[PDB]
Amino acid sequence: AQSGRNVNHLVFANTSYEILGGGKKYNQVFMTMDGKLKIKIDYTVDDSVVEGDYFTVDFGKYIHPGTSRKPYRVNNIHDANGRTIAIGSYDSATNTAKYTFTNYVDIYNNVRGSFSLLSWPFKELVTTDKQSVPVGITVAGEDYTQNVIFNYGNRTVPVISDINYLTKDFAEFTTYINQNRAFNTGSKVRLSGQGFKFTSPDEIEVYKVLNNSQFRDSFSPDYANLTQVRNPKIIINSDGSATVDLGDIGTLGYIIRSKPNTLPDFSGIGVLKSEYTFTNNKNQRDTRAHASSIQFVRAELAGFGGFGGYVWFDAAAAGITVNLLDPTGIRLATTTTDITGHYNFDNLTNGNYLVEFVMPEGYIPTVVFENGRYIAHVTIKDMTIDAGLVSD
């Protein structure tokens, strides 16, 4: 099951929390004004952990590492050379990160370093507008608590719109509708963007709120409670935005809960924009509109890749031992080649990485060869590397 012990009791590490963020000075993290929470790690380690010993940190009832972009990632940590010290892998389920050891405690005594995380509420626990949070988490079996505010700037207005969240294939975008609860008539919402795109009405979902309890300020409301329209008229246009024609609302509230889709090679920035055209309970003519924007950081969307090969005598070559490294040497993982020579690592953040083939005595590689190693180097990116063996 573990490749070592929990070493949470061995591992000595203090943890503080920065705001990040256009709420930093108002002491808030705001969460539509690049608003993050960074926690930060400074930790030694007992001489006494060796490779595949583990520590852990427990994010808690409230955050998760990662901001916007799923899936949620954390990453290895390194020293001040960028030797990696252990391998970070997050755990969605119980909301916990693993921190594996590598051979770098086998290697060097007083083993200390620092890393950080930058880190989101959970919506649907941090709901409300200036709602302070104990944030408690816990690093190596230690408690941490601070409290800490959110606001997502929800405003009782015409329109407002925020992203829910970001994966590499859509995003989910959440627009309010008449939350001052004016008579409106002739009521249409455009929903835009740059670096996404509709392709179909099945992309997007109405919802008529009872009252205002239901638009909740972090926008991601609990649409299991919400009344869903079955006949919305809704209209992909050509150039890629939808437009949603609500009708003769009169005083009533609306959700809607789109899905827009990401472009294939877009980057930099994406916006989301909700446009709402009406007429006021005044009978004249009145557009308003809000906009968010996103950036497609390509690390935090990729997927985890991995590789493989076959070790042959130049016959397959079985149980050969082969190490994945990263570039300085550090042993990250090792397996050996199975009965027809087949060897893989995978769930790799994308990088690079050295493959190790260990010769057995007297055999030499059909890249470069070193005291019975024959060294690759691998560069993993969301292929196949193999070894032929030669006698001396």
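Between two forms, the rigid core is the largest collection of C-alphas that superpose within 1.5 Å. Numbering follows the first chain given and starts at 1. What changes on going to the form deposited in another entry:
Checking 172, 275, 205, 300 for C-alpha shifts of 2 Å or more between the two forms, after the rigid core is superposed, gives a single hit: 300. Relative to the superposed core, residue 27 shifts its CA atom by less than 2 Å between the two forms. With the core held fixed, residue 342 shows a CA shift of 2 Å or greater between the two forms.
In the core-superposed comparison between the two forms, residue 309 has its Cα shifted by at least 2 Å.
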Second form
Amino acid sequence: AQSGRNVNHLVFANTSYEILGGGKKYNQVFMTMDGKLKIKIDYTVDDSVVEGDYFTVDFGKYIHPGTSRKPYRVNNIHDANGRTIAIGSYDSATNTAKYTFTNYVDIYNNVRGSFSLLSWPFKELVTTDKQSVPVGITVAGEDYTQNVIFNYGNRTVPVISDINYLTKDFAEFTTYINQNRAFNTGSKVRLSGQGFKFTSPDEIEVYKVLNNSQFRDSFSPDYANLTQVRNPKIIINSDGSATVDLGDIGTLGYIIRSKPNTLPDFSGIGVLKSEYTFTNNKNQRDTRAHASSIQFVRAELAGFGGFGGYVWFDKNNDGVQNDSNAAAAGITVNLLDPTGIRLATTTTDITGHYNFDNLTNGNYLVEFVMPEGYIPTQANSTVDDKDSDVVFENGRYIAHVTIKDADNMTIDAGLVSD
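Rather than the form deposited in one PDB entry that you just supplied, could I have the structure of the form deposited in another entry?
Nothing else is written out below except the one chain.
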């Protein structure tokens, strides 16, 4: 890995916020419409900054980068030609992004520009509709704060729901029942997804609510302080919908915390519909429903992957991995963007292997630095798990790799004397 230092003191950032979505005209982030908080950063970089140095963005107490999909990520920073200025990484433990300068800063001087991020509140802290919070962050060591109002549009109604968060494999959906605290009997809830399916009752948890304050407007309840119905009557239907029989709830509120699975190959507007059927305090049957929507493409939902490979001395010059005592240790491997900027570096270990992990989805070049007197062997001469993948292309010894939500791709290099 490329070494470097924290250069917050050499990068100057000017920051502003912009509220996006339907609440902009009300100066509010409308969390269940299309709302998010856009962070806009203008930055300058001193000439003394070098490849591997980095600046940080501390997102502080109330917000994180990204929106619905976890784990959260940040994108790389590019110039107008698409060249990578800095690679972006995010650590959830410190709620901080790290922007590590590439060799861009060793080609170009007076580096400066702008980038932006989308951000969302921690729903366990920003709990309440119309709540103003001091959104204080630090960008390259420069503090910025502004008060921002969030609104989830919670309503005191028999049934309402939201998607709490989304992951590669499942979403967590929150269904609130009887916030209106009507006397209800014969209460049942049917959960039906598009782009999502249930397989098992253990994917659904049911909680009683005695105090309305526990119905967080953010739809991310403090479950540790709610009594769980640990034996709930749940049926998974043949179509992958689920029915929850709550029984005679009386005036109690209920929360259903569900984790439907994302469907393989799904691409579009996913939906979970919560349909609540019950007998009201007039002894009349009633049916009410609420549906929550989320755009996703399952195949790229993680947003990152990784790859690695193997370097060896191709002792019989055939381009095949059929050579003994041949692993090449200490070979430098550089990861480049398509413009030729170096994003990362590593070296093969004693076993001949290298890898790059936690790589944002996209197209990369993989460059192998030749030991003195060596060149790549014949490329692509056999089956793709036993060949050498490196060619001389555009002045470099490289292979191409595309990262898309997988870490099983391999890129190997066989070496022969020149």
